[PDB]
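Q: Each chain, written out:
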Amino acid sequence: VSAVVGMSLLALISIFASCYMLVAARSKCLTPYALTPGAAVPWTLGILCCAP
Amino acid sequence: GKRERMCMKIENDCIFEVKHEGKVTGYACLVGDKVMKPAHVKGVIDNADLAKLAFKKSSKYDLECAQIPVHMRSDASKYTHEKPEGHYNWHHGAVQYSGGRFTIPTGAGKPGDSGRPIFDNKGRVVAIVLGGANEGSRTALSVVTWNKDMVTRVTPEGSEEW
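Same order as they appear, the protein sequences are chains A and B.
Quick note: the first sequence uses this note's numbering, first residue 1, plus one each step.
Quick note: the second sequence uses this note's numbering, first residue 1, plus one each step.
This is chain B alone, in the form it adopts within the complex:
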């Protein structure tokens, strides 16, 4: 309903494309005062001045971060770090967080959808999805969090890169 409408409205302005060979590969996010972009996929960002700037890449954390141009500050995304257990919003159906794990019912994700931000009950971002591992009728999501000041990767066994 209206929650999906507002999610689409914010997504039409925050997430950016990554383009390669006539095919979209990845999604970049504008979180707080930095730009996240998972480093595993490679392509040209579908933007003029976003791709003109200089990035900082880490392969250990499989990501790359950038500083906002001063003329896109207002298009923020209201980062946060509180993670109560329960239900969370996502562009492809609600995720369930329990036992320090992120779960999605069976294959609600497509292969190549790495980079979708997850929003909380108030619309604030919590984690960026990286990969998935399917067991039974569910799939555990390998994502990164922003607990305090360090970024922590959680990855289950047999996770396939998206």
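Okay, chain A solo, but in the shape it has when bound:
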């Protein structure tokens, strides 16, 4: 029971960290286009990442 609990906790923490770091990378990549006045994200980028 200790081994299965530890393995489950490790897997959950790994997937959580990976998802959080990926979404942080997305936010960092798409941040500068929202700051430029006017302008518009490329449709390819707007498809590969959900661009408002």
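Where hints are given, some of them may not hold.
What the hints assert, rightly or not - Cross-link-like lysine-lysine pairs, in silico, PhoX-like; alpha carbons within 20 Å at most:
| hint | chain 1 | residue 1 | chain 2 | residue 2 |
| --- | --- | --- | --- | --- |
| 1 | B | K56 | B | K42 |
| 2 | B | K148 | A | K28 |
| 3 | A | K28 | B | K57 |
| 4 | B | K122 | B | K2 |
| 5 | B | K122 | B | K9 |
| 6 | B | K42 | B | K23 |
| 7 | B | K19 | B | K57 |
| 8 | B | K56 | A | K28 |
| 9 | B | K148 | B | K83 |
| 10 | B | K52 | B | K19 |
| 11 | B | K60 | A | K28 |
| 12 | B | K60 | B | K34 |
What the hints assert, rightly or not - Sample of chain A residues lacking proximity to chain B, with all beta carbon distances greater than 12 Å (derived):
| hint | residue |
| --- | --- |
| 13 | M7 |
| 14 | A17 |
| 15 | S27 |
FYI, nobody ran anything at the bench for these hints, they're computed from the structure.
Every residue, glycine too, gets a C-beta built ideally from N, C-alpha and C.
For this one, chain A is given, so just place chain B on it according to the hints.
A: This is chain B only, laid out in the frame that chain A set:
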């Protein structure tokens, strides 16, 4: 003369206050279809619905941007990105742009005046001032531009934050 009059007229409607502890600290600008506000200073915007909305802040670029409420669209500011070398207008005296650098003669700026927009010959905004670095009898201005779609920071050595 009349140019200063029109600059004051547009400034009385575009730039907004930032308030803290009985003292004004910073100025926010309404550029194009977004709101610029340098993120380094912290305070309450002297407005009702401007401070009620949600912002997007970047510390790498030291700024924060917002989307206009639909009821202030007409109070635009006619953004632009062309930057010919030469003279430009500013609320505290004309600036000189040369060699990719912004220069002001000695200390024409006050410490805490970060956020003043700069207007071109036609009155369109080009850059927002962030800081300054004094050398000799001149001061180089660290500002941000809007070349194409990316925002570029230019900062000289020894720049002190305003």
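Q: Could you run down the list of hints and mark each one as holding or not?
A: To see whether the hints hold, each was checked on the structure:
1. For the given pair, B:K56 sits about 14 Å from B:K42 by alpha-carbon distance, which is consistent with the 20 Å threshold.
2. Note on B:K148 and A:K28: the hinted pairing holds, with a Cα-Cα distance of about 19 Å set against a maximum of 20 Å.
3. At most 20 Å may separate the alpha-carbon atoms for a hinted pair to count; A:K28 and B:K57 meet this at roughly 11 Å.
4. Of the pairs offered as hints, the one joining B:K122 and B:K2 holds, with about 13 Å between alpha carbons and a cut-off of 20 Å not exceeded.
5. Taking the CA atoms of B:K122 and B:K9, the gap is about 14 Å. The hint holds against a cut of 20 Å.
6. Of the pairs offered as hints, the one joining B:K42 and B:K23 holds, with about 12 Å between alpha carbons and a cut-off of 20 Å not exceeded.
7. Using a Cα cut-off of 20 Å, the hinted pair B:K19 and B:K57 holds, with the two alpha carbons roughly 18 Å apart.
8. Between B:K56 and A:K28, the direct Cα distance comes to roughly 12 Å. Compliance with the 20 Å bound is thereby established for this hinted pair.
9. Only pairs whose Cα atoms come within 20 Å are accepted, and B:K148 paired with B:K83 is accepted, the gap being roughly 12 Å.
10. Note on B:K52 and B:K19: the hinted pairing holds, with a Cα-Cα distance of about 15 Å set against a maximum of 20 Å.
11. Between B:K60 and A:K28 the alpha-carbon distance is near 10 Å, which keeps this suggested pair within the 20 Å criterion.
12. In summary, the hint linking B:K60 to B:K34 is supported, as the alpha carbons are separated by about 19 Å, within the 20 Å threshold.
13. Residue-level check passed: A:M7 sits 38 Å from the nearest beta carbon of chain B, beyond 12 Å.
14. Every CB of chain B is more than 12 Å from the CB of A:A17 (nearest about 22 Å), matching its label as outside the interface.
15. Its beta-carbon lying about 10 Å from the closest one in chain B, A:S27 breaks the requirement of being farther than 12 Å from that chain.
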